[PDB]
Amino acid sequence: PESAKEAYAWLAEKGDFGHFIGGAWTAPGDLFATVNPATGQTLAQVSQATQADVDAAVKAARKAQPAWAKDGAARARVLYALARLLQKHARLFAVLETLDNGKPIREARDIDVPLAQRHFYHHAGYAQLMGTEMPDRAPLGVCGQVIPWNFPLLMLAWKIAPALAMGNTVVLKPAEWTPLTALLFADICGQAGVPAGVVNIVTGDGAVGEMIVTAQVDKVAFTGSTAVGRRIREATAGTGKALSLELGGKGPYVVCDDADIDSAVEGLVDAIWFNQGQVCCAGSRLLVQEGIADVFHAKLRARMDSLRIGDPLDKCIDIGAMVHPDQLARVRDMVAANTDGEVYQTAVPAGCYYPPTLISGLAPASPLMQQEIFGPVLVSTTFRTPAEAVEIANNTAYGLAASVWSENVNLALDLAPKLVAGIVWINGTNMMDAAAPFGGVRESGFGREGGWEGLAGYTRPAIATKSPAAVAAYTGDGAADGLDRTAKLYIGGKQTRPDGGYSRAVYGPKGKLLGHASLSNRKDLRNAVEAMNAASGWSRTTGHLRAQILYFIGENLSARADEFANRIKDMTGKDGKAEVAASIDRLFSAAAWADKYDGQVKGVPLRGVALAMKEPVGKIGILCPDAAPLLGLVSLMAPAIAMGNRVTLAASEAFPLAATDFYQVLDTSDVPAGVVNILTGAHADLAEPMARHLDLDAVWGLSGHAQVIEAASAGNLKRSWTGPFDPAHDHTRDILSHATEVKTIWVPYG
């Protein structure tokens, strides 16, 4: 096997570890053994950080950030130097990864370390280009980062490289069980020219992670369990921190009747060790078409038998040691709790070694197909038609990566966009490149890592905007209205009474009664969500169709421009002509964009190309500001539906009658039913129900309630945006990003 002598020498040199703060190593503190899981031997003593340590790390990261942000070319040289040092010390990083985590040295040397190198090489260029190619963007500041134990060095690269490229500084904590390659990374920062405090590494358990998440940082980036991601969303709610989450979701692996069987089998067995912890991967949930399922399973079991289990330092080993006894117990207990299907294992579990395991013959609706999967374990079911495969694949709370196998050029490219996922690999699995973004939808989280697409989440606008202050509704005497001037709601292509039956009088600036506006409730929202569900076909329309609709809305608003200006003036006391003209312009800009927001083709040094496609988010609940009674609604609605989303807007609480006049515009413009729904009333009644709703994909709260909205969003981990949003400013291009998901499809290409 491979010599660990240089790794042991480094560990003996470093002695008991403190933390890497402000460019220097601190004294060892409250120490705990970190253990080689394959031998049980102590590798080093590592500290449990204190609150004082985290405070110090964030303070050092903050002190260093403005000088670091100033010169992108200088950052590029440092990122390049880090990649060169990962390459020069590649064998040391690889052995230390194996010693610390248990994975086969062949994977650490062939996969982990080369992809970490490439991540830094590639992201060096983004630092070089940031000033000129991203001129409207600026660094966020300090990033708190938390990563899991399955790919310790590679997870670190995925966090630190883009953060540094965009001029941020970092405080990162490796997983409690696997601190060593992060500590070696810290130890090479000086030689790479990382200025003191630009990188800070602290070690500890989940409590230390929580200290970082709640520290005075500008961004939290986390990879790990869905449950911890929910807690992080709750703990950061209302703080204005940027947040990205790469969570659970071991992916489906779809094998069609006309797949290259032997290649599909080999790709699955070669992924059994890889597909552990929270990582973008596919293979753990096997879906095989029923005509080939028996032959596929028979070939799979025999190929699983050829996997070699043993000493992870042996370059011929395929299945290493489980990372920790806690993880071994997890897998053991998962298998003990299952009574479904037929379990095949290639060897008897022994010591730290758990064998490749296949549980086949499950039903599509079986629970184990949908529950979290631990260890080197595959579960399989069959399907009859490609449509049933899609249905099974999408029948979970997750959506991260997926793999599709078919030799037919139509079938593979017709199934891939139907899978709910951030990544789809055609005729491969677990393909990764620094230029190709990856990340989740649904309960697999949000944000993307890698590529140009990954950079937005480590930046903010160069010029800050500020949301307008709330505006209290005007009051009035309370005299009855002898005319019929009570506005309704707009749900599912028709006007509807508020379920609660109440409406409030609306008064002008001097107390004149203007009319009445409905007070919507949670049942109204529920009806609007059902209407958006019935309008799912809108998310499959062509860009050309959606543009035509938005052009009609703009033209039909123009035809009533003076009427809308008069309504705005009635309500606010201020001339409305400029706001109406801006609203028309936002509609024509969204119409313009509807068929022009292009996906991006990534050249990769692997087989083929990666297509970073733009897709709708789905169903979006939106709360509009008081100010800009028309423009605020139109500015949020138009880019959203341009991108293929369906929306439910809570109009301006103070000034609802421009939105209700807008119902006729939507009707005259043939907006399909359910695509635009409008509620009026008190946002205190609606904000938490919209943010909580388990059947909304995103909530945009631009009228306040940010803490309540962001905390309630953790229920299904919907995307959330709470501003800033200034309707006077044209935010169209930025809202397009809020309104879309990136889905990266890896296809063959000569």
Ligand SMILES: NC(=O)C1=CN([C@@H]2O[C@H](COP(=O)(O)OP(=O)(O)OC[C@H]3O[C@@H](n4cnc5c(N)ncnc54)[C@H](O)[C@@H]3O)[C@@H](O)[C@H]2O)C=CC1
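Residue numbers count along the first chain shown, from 1. Only residues modelled in both forms are compared. Definition used throughout: the rigid core is the maximal C-alpha set that superposes within 1.5 Å between two forms. Compared with the form deposited with this ligand bound:
- When the two forms are superposed on their rigid core between these two forms, the C-alpha shift of 2 Å or more among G493, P386, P349, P616 belongs solely to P349.
- In sequence order, 348 to 350 is the sole run of at least 3 consecutive residues whose Cα positions differ by 2 Å or more between these two forms once the rigid core is superposed.
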The other form holds:
2 protein chains.
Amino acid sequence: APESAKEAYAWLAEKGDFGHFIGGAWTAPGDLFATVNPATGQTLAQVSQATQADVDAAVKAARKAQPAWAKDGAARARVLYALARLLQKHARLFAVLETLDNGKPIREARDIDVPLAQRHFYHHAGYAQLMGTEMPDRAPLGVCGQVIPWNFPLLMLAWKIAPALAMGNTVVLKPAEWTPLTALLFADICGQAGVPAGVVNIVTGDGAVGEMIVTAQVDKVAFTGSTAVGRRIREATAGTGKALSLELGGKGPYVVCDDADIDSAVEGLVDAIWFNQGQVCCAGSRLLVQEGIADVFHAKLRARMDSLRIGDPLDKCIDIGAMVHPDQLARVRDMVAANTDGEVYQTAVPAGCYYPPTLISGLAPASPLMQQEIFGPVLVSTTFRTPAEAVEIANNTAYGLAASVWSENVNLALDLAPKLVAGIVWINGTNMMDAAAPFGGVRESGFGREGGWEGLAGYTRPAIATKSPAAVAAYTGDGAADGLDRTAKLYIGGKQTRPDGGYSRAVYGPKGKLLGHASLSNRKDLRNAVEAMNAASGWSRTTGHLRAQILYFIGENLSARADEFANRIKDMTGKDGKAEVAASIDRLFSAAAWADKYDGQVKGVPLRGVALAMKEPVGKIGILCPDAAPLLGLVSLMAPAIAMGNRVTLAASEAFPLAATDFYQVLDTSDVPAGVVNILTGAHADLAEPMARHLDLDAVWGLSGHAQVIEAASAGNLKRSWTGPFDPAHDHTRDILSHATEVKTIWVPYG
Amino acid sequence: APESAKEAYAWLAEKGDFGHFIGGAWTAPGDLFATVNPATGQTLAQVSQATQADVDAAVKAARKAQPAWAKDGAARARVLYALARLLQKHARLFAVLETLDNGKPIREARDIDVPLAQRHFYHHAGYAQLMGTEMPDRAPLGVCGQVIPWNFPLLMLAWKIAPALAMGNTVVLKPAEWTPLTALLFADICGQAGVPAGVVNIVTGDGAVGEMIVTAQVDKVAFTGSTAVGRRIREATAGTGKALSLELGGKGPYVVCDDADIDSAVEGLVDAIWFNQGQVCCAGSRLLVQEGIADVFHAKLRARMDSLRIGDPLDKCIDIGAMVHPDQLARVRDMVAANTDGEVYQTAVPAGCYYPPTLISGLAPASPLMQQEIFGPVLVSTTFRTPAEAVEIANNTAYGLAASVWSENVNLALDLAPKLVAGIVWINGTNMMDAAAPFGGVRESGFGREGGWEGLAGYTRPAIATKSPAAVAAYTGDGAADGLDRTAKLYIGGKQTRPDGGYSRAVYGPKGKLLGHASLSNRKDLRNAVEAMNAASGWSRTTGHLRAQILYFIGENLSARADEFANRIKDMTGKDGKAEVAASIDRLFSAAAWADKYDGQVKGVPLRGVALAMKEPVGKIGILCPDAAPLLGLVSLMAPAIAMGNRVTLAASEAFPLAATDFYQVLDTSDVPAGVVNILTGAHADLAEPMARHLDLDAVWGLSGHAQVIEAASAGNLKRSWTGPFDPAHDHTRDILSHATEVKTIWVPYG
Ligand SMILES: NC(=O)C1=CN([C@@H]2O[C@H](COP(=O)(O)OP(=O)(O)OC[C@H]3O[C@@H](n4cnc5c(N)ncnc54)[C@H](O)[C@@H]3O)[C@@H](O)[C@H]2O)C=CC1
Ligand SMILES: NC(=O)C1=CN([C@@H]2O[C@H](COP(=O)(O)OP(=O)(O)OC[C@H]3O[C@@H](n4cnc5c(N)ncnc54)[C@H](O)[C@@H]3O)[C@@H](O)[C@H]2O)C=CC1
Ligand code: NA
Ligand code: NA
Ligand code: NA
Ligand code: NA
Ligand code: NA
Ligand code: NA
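Next up, the form deposited with this ligand bound in place of the form solved without this ligand?
Okay, now the whole complex, with that chain kicking things off.
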């Protein structure tokens, strides 16, 4: 006997045709479109396609309510707590409504979706309580536009709304056009929880309403959804000064070693088949099994797949629900029709909007199905021989979200996990989620983290704003020839290199004295720099202690030439350079200090074990330095970057390049390994787009302008970007460490 | 061919008879006693027995230099870095000198002692660099008296001096009377490193000079050495307001599971036989082997023990050196002569001050040798059947310092480790040490941590001092009888209990109105409370989420009665109680916030893997609340304690008990599990000594005075203590979380 939907149908009947939740109240229904129960084919309700006028109104209500909301964090905590209690009281109503709207088994909605949504609000209440005293240097961003997909409607809403509200922001959120209902119910309890009017605003519609939110007068955009829409959002927000987080999916690898717990590994994969749909952090879809056990593993997998029960999602004895929508069904069918590799195995499926669990095995690692996105309850599988080959196959995609590793051996599991490119790695489990544990992607899975103390950074700004210094025009001079040899080069791969293009410009002091010449880098020089950083990948695997020693040497050797550097700064700018040199020395010693002291966080979780929120290097970073602070700007950016294990290519000050070129000898005398620090001089108009575009860079920092061009071009590979503000005279070290690292969360057994 | 000591003998000849290093200079030699090379029997040098006048002078020089030293953390970093570089340049001299003085193999001094000492100074330089910006609410303590033992002379010095100096303190340190030389050489390089005069002071002598330092005008005492001297130091410093850390030894268990790597486990134990001497964090001496592999394991152990090379410690091909002193030799011989259990196996030993590696096997878990201290290169062994039995045998001593666990299984290793009572647990290794990883004991192994960010807390105070409110005398009244029933009880084990002694006192308001009666607890009531906390041990194993929910309930149910509580406060004190109630609610919501958010730290280390610096509950805590703040004082102390997993017994305000007694119903309505919170009322003169004495409490917090009595009585079981200052009107939550937790560092494979 399946579960009753009487209460949910009753709420739907009460609410009628839906408008939006704006400014604390329901607007009149507008231009209506149906949401349909995918299991019965019946219309559940009519919802509105928001107009531009609605989106403007919702953003204006969020703006009007935000400052009083931000003022009192203890009062925000009470509201988030009340929202969690209402989610718990109305648990059954939320679960049934999710199943009706989305098609998922009532048992998943009741045991997974709604419990985790409650926990997210319970847990984040406390961040609001603690923000004033524990994050005193942080402040709200303001208004957050939020857009989410159809696979986990309530949970995806909680992941967006709870940390935004906790940190004193207000929200305009649009659920997916296929799954609006539980967000509309969440709106309908906001009054009861004490949510002040206009702090939460829910508008419904398709991607066109999403586009209006993304380009609206908001301080933040947070998106979960497809990679392609992610790219367009990165482009539409380029140069606007908005904060941006993107969770873009990518279904992750499930590594099963020769000594894994076979039965638990099979069961974990089966229990994940229905869960692994849409753009969710998850593992299971790319099955990588050591060749010695692959046949036995696949044989058990097919049999356990046969035990999965398909049908009525309101039946708590059902494991496979209805596909979310006929279009999604057809996408799955088309994917299978488009594949010609492997051996397809399918359980039977009943009539209607159902698709059966499917295993496509016998793929070679190079097969497109191993690298393309996967849709539906579909598994693809390949084998490996050695753990190093498993790492290689797992990291050989454009994605990087979550991974799973199964081994009973204490070493193998803990040595494989950090080598996989992901924001999350589960050891002897999969799809483990907790509000205290950050989750999010690298590569084309996007950027940003949700959950934990770590997730709060994306919903705050520094309490005291800094301001990038204005550009400075290079000094001019008469143009007589230099009888002495004073033409600086570039610094690439541990040695000085002529610019590929052969050109250099004269550098003149404040009164037109010719000081020397500096090279003009081009794209071929940058590409040589990137190859030099690729050869220096070992630097990302060194100890913190080794990197500290290096930075101490750089600091020492700068001190030995401190007078020379100050006079070079004075020659170029006319201002005394001693204070800038003393501060550049200091920034090095601060970075040396930090190199072995930026700790990962151990999270307690209600599940098995603990979540280890590790810090990791971003990788290779291209950096454009400001005109001002010829030496301080370069060193302040370079030093925390390499302290944390990154390799960097810096475009030195365009107005005043000769301090950076004098620094070459400092790097050589300090034994900076080749490729760890590369330095380009010349016109930033020539380099900004190439550095932001480059497909083999993991981050671009543009602190000399060109923010729009840089942020737009970063969409090519969805690299992280930072375009300031950056004030060299301000010690940004601690914040730069955050720009220079990624969080990877490793879930391990414990206690 | 053994190593040359020409350079070390030359330095010894240059320095002559030794005075002390005081105020930046060497004092005249005084009352001389010899330090003797234990391998040759030859006198190495004469050193001075410091007088009281010397100790006064050294402390006065440390005091005179400290404030200018504390002012500039970047300059302190340069000095610590220079000290590390000098340790590295003179590495060979330090190593040889350590071997000459102590007897240890030159290979250990050169590969372990001196490298780790360098690393400690390199690593801690950075804390000095970062202190101003990253610990802005913290300030130096001032002058530190430091006393250390003979087993690792240079390394023990580095563990004391480097964090003290980094945090802006100055030091007076006394090495052990048997091993002064490398501390005197460390003194001899301080000038070259830029150590300003009087920032480091080294005085030599026996325990009588240690006694003078401990009771001198210093702000901190830090001791490593025997449990008995630790107790006397806790007593001599009782009531003085001095900070205190004690590292008291206890040789730790080495758990070898049925599925361990047998050969690596045996080798790790053999390579640890010589290392595990004196009061050092170490594991190996108590061998616990699963019964299925015990015979094969012991057979391999005896054979590998035979391969250990004994002789000339200046020979780099030697594993077993000379015993540190003839008295230590005799202590070992007496221990073996005193034992009658087990089967003793011994390798041969050569003539002189040598003792051979010894295995005493076949002990039952109850044998004294399994629980007493062990001396020399001696191993004792017993077997177990199940992992739970291994946990039981390992935790069945008065000690709790370090432990080792060997298993190839990913779960078993990570599930056994947190169950062992220790400050350190090594998985598939032993005696792993790093400057970033905290180490220190629980139980009779002492208290405090050395190393890492965590170790800095013991060398700092809050930058802004707070002040405990003055005592308040209970109001008096005429003494007419109460025709109504208004006699409050105690709250013990989840239910209200009459005081064992049967007595209660009348409570009068400011004008002599009889408000009711409050019970007078005695030692039998406290003992009932402790048994109630023992039955509530499960609370220490709950999730952070469960504990948060409980605290939220307490906060909610206090809010429901907020007017009643404010009027009760007003009845007792004559002052309006609304603000105290609102703040008591807030403290609960802050603690609820923190319950699932106080994260452990993941340390990068130059060795295999990572060090997980976990937070853990202290356990059972007895708390004495101040007179002032009848409700705020109790709640502010109770709530962070139970947020972190502790069970508590609080002695409520002596002047104003009736708010705490009204709180009983709040605990019952909030479903606080029985024994988690117990409340005693009555005279703190009756309870202070019993709570500080009690052998089954892990900590005592005395915030109502009696500091001397409490701190002295805490020496019985060497429980942690805190005697303030505590100002209820100040939000101490974050600092109380530190009082309410212990750090356990778990070293695990990784990458
Ligand atoms: N049978 C087939 O071949 C089907 C193809 N698709 C296609 O998949 C693509 C995206 O897949 P979905 O699962 O729908 O994820 P999505 O990325 O389109 O949706 C995630 C969220 O983004 C919103 N959104 C969509 N476009 C946006 C934009 N330009 N700006 C801002 N927000 C926007 C959506 O309304 C939704 O709430 C589309 O090209 C769609 O046509 C999906 C299903 C059927
Ligand atoms: N053959 C035997 O039976 C021997 C017995 N022992 C005994 O062991 C006990 C302590 O063992 P040790 O290894 O020497 O460690 P310890 O705890 O005595 O020494 C650690 C450090 O504490 C200093 N110290 C000693 N007493 C002190 C005090 N009252 N106040 C402050 N500092 C003090 C010491 O001088 C040393 O630098 C003593 O009772 C000693 O007589 C040690 C060796 C030989
Ligand atoms: Na629907
Ligand atoms: Na990315
Ligand atoms: Na857990
Ligand atoms: Na000696
Ligand atoms: Na203790
Ligand atoms: Na390591």
